[PDB]
Amino acid sequence: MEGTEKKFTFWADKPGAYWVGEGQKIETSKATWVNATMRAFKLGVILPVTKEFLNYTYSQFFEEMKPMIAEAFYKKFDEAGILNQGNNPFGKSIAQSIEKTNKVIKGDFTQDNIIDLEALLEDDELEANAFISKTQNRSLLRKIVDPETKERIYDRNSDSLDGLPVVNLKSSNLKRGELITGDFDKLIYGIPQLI
Amino acid sequence: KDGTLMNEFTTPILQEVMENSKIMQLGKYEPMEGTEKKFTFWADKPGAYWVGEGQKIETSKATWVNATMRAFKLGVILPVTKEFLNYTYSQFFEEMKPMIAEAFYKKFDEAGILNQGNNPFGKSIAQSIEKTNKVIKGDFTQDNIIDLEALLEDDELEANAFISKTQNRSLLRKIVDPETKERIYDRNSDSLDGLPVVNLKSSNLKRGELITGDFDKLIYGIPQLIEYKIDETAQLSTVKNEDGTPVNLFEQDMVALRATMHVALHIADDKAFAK
Amino acid sequence: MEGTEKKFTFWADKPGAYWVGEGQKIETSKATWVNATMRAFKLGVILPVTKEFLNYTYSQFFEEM
Amino acid sequence: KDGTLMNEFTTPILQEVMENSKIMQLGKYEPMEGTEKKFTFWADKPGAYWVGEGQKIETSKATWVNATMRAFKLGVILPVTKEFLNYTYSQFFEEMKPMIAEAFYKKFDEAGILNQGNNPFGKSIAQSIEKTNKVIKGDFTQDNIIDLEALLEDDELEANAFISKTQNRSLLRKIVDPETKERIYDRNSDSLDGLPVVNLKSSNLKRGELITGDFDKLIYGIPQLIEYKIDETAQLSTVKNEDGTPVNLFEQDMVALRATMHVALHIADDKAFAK
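Protein chains in written order, with the authors' numbering: chain A, 66 to 260; chain A', 35 to 309; chain B, 66 to 130; chain D, 35 to 309. A prime marks a further copy of an entry chain.
Wrong hints could be hidden among the right ones.
[As the list claims (entries may be wrong)] Some chain B residues judged to face chain D by a derived CB distance under 10 Å, without partners named:
(1) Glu70
(2) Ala77
(3) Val85
[Stated by the list, open to error] For the chain D half of the interface with chain B, some residues (derived, Cβ under 7 Å), not all of them:
(4) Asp36
(5) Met40
(6) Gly86
(7) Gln89
(8) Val99
(9) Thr102
(10) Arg104
(11) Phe106
(12) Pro113
(13) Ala137
(14) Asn222
(15) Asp224
(16) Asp265
(17) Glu266
No lab work stands behind these hints: they were computed from the structure. Virtual Cβ for every residue (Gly too), placed ideally from N, Cα, C.
Model the full assembly from the supplied sequences, consistent with the hints where possible.
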C-alpha cells in the first residue's frame with residue numbers, strides 16, 4: 066500500500082430475546098502516515114568504489130552487499146518501532162504504551178510480578194501470539210531464581226515467558242524487562258531501485 | 035458526514051464472534067419447535083444367577099422459551115440513506131447481516147451462563163442458585179480449587195469443557211501456589227482441573243470460574259425479513275428523531291429464530307460475596 | 066457517481082530568455098452535495114385509487130397519473 | 035498534501051483559438067540562420083545633354099531570434115507527488131505540452147502586436163505604429179473605420195483582416211452602418227470587410243483593432259525536450275523548505291523552439307482617449 070489502509074468493521078451482535086432483534090454497528094478507519102527512507106553509506110562506500118571499478122571480484126561483492134543491506138533495512142525499522150522510539154511513525158509498541166497506559170515495568174524484577182502481568186492482560190482483553198525480545202534481554206530472562214516454575218519450554222525450540230513460542234531478533238535494548246507484541250500492520254514497496 | 039461516504043471500511047473482530055457460537059455446545063444440537071423429551075435411563079443389575087429384576091425410569095421435557103431478534107436503533111437509520119444512494123454501502127449491509135447472525139448466538143449463550151438475562155428458567159447460573167451451590171467466587175484459594183473437584187465427584191457429574199470469559203481467564207492463568215498440577219497452557223488452552231476448553235466473550239466477573247455439563251441446543255435459522263417496519267418504540271439520533279410517525283424505509287433486517295435449552299440436574303457455578 | 070465531481074487544471078507560461086525551467090501547475094476541484102427527493106402521493110391519489118379497483122376506466126387513469 | 039482525489043483535468047476548446055490566430059497571420063519560414071534584404075530606390079536625371087545625378091541605394095537586413103518555453107515550478111511541485119500515485123498525471127503532462135506550445139505562439143504575437151513582451155523588440159507591429167503615428171484617438175466609429183481602412187491602402191499594402199481582442203469585437207457588433215446593412219455581424223464567421231478576422235487574448239490590448247497583411251513568421255521546429263536534474267527554484271513544499279533546486283528528476287520539462295518574426299510596418303491600431 067501507498068499509505069495506511071482502513072481497518073475492518075467490528076459490528077457487535079447478540080441474541081438477547083426470541084422476538085426482539087437488535088444489532089450494534091461499529092466503524093474503523095486508519096489515516097495514512099509515515100514513509101520509509103533509505104540512505105547511502107558514508108566513508109566505507111567510498112573505499113569500495115575504487116575497488117569495484119578496478120577489480121571484477123569487488124564489483125560482484127557490492128551486488129551481494131545490496132541483498133545484505135536489504136535485510137538490514139527491515140531490521141532497522143523493526144528495532145526503532147519496538148525500542149528507543151527512533152521511527153517516523155507515532156504510537157507504536159513502546160511509544161503507544163508510554164502515551165496511553167503502562168502494563169509492565171522493567172525497573173522492578175520479580176517472579177510473582179511476571180504472573181501478575183498476565184492477569185492484567187486478561188482484564189484488558191488482548192491476544193498475543195509472540196513476544197519480541199532482544200538477544201541481551203533473552204539471556205537475563207532465561208535464568209531466574211524462583212520457588213516454583215511453570216511454562217518455560219526452552220529445550221524444544223525457544224524459551225517462553227508466559228506459555229507461547231516466540232522468535233528472538235537482534236535489537237538495541239536493555240537487558241532488564243520484556244516486551245510483548247499484539248497486532249501491527251506491515252507495508253513494503255521493494256528493495257534497491259537506483260544504482 | 036451528513037450522509038456521505040467516499041470509501042467503505044472493513045469490520046473489526048471476526049474470529050472472536052465465530053468462536054462464541056461454536057463454544058455453546060454440551061448436549062447435542064437438533065432442530066425443534068420446542069423442547070424434545072429426554073432418553074429413558076432404565077437401571078440394570080446382574081444380582082443373582084436365578085433371580086431377574088430390572089429397574090425402569092422415564093424422562094420427558096416440556097416446551098418452554100423462544101428466541102427473539104430485534105432490529106437496530108439509531109445506527110441502522112444512518113446506514114439506510116447510504117445503502118439507497120451508494121452501491122458499496124448496500125453490499126456492506128448484506129455482509130453485516132452475517133456478522134449480526136454470529137452475534138445472535140453469542141448473546142443467547144452469555145445470558146444463559148451469566149447475569150440471567152435469558153427467557154429460559156434454570157440454566158447454568160440460574161439452575162445452581164435455585165437448587166444447590168457448588169463453587170464460590172467470593173473466596174479464592176488453591177486448595178479450594180482442588181476441593182471443588184472432590185465435591186463434583188460426590189455429586190457424580192461429567193464435564194467436557196468449562197465456559198469462561200476473557201476477563202476471567204486472565205485472572206485464572208496467574209495464581210500463587212506451592213504446588214501446581216494440570217494447567218497445560220502452552221499447548222492450546224489453559225486448564226483448571228485437567229481438560230481442554232475454548233474461551234468465549236461474555237459479560238462476567240473476573241473472580242471465579244464456571245463449568246458446563248449438559249445442555250440442549252435449538253436453532254431455526256437466520257435473517258427472514260428484509261423490509262423494516264415504521265419505528266416508534268426505538269430511539270433515533272441520526273438525521274431525524276422518530277417517536278410517532280416514520281417513513282417506510284428499510285434500515286435493519288429482521289431475523290427469525292427458535293431456541294430452547296434443557297434443564298441440567300447438576301451444574302457448577304461461582305457466585306461472589308462480600309466479606 | 067454519487068453527487069457531483071469536477072476537475073480543472075491550469076498551466077503557467079514560461080519565460081522568453083533561456084536560463085531556468087519554470088514549473089508550478091494549478092489544480093482545482095469542484096463538488097456538489099445533497100440531492101432533491103421526489104414527492105410521494107397523498108390524499109389526492111388515494112381517492113382515485115378506490116375508484117381504480119372498482120371501475121375499469123379509473124384504473125387506466127392511475128397508470129397515466 | 036495529496037489528500038482528496040479530483041480525477042479531473044482541463045482540456046481543449048481554449049488553446050485551439052490561440053493556435054488559429056497565429057496560423058491566420060501567414061509568414062514565410064527559413065531553416066538557415068540570418069536574413070537578407072533587397073536593394074531599393076535609385077536616382078534619375080531629367081536634364082538634357084548632361085549625365086546629372088546617379089546614385090543607387092543598397093539595403094541588407096539580417097534577422098535572428100531565439101525562443102524558449104518556461105518550465106513550471108509552483109504547480110509542478112504539487113504534481114510530482116501525484117505522478118507517482120496516479121497514472122492520469124502522466125497523460126495530463128502530454129496535454130500540458132500542447133497548452134505550452136499554444137502559449138509559445140501567443141507570447142510571440144503579444145510582444146509584436148500588443149507590445150507586452152520583449153521577444154521581438156525591434157521588429158514589433160505596435161512599436162512601428164507608434165513611430166508612424168497612424169492610430170486614431172477615442173472610440174472607433176462605423177464611418178471612421180472605413181476611412182481608416184482606405185487611408186492604409188493608399189499609403190501601404192492593403193490588409194485582408196483586422197486583429198480582434200475578444201472584447202473589441204463585441205463593441206463593434208453593437209454599432210450599425212449608415213447603409214442598409216449589418217455592421218460586424220457574424221452569422222457563421224466574423225469578418226471586418228471580407229476575410230475572416232482572427233481572435234487573440236492579450237493583457238496589454240483591450241480596445242481597438244489593428245489591420246496587418248505582410249508579416250514574416252519563422253519557426254525552428256517542435257518544442258519537446260526530456261526532463262533531467264532540478265533547476266531554477268521559486269516555490270517548493272513537501273517536507274522541508276529549500277532555496278535552491280537540487281536532488282531527484284525535474285518536476286517540469288523545459289521546451290526549446292526558436293521563433294523569429296520580422297515587421298514590414300502596416301499596422302495602425304486604435305486607442306481610447308481619457309479625460
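Do the hints match the structure? See the list:
Hint on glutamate 70 of chain B holds. Least Cβ distance to chain D is approximately 7 Å, under the 10 Å limit. At its closest, the beta carbon of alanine 77 of chain B sits 5 Å from a beta carbon of chain D; the interface hint therefore holds under the 10 Å criterion. At its closest, the beta carbon of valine 85 of chain B sits 2 Å from a beta carbon of chain D; the interface hint therefore holds under the 10 Å criterion. Given hint, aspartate 36 of chain D at the interface with chain B, is violated; its Cβ is 11 Å from that chain's nearest Cβ, farther than 7 Å.
The restraint placing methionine 40 of chain D at the interface with chain B holds, with a minimum CB-CB distance near 4 Å, inside the 7 Å limit. Against a cut-off of 7 Å between C-beta atoms, the interface hint on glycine 86 of chain D is violated, since the closest Cβ of chain B lies about 51 Å away. Hint on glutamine 89 of chain D is violated. Least Cβ distance to chain B is approximately 41 Å, over the 7 Å limit. Because the beta carbon of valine 99 of chain D sits about 10 Å from the nearest beta carbon in chain B, more than 7 Å, this interface hint is broken.
Checking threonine 102 of chain D against chain B: minimum C-beta separation of about 4 Å stays under 7 Å; hint holds. A least Cβ separation of about 2 Å between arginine 104 of chain D and chain B falls short of the 7 Å threshold, and the interface hint therefore holds. Here the hint on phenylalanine 106 of chain D is kept, as its CB sits about 3 Å from the closest CB of chain B, short of 7 Å. Checking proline 113 of chain D against chain B by beta carbon gives a least distance of about 5 Å; that is within 7 Å, so the hint holds.
Interface hint at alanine 137 of chain D: satisfied, since its Cβ lies 5 Å from the closest Cβ of chain B, which is below the 7 Å cut-off. Nearest Cβ of chain B to the Cβ of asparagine 222 of chain D: about 30 Å, over the 7 Å cut. The hint is violated. Checking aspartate 224 of chain D against chain B: minimum C-beta separation of about 27 Å lies over 7 Å; hint violated. Annotation: interface hint on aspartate 265 of chain D holds; nearest CB of chain B at approximately 5 Å, less than 7 Å.
Interface hint at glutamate 266 of chain D: satisfied, since its Cβ lies 2 Å from the closest Cβ of chain B, which is below the 7 Å cut-off.
Of the numbered hints given earlier, the model fails hints 4, 6, 7, 8, 14 and 15; all others are met.
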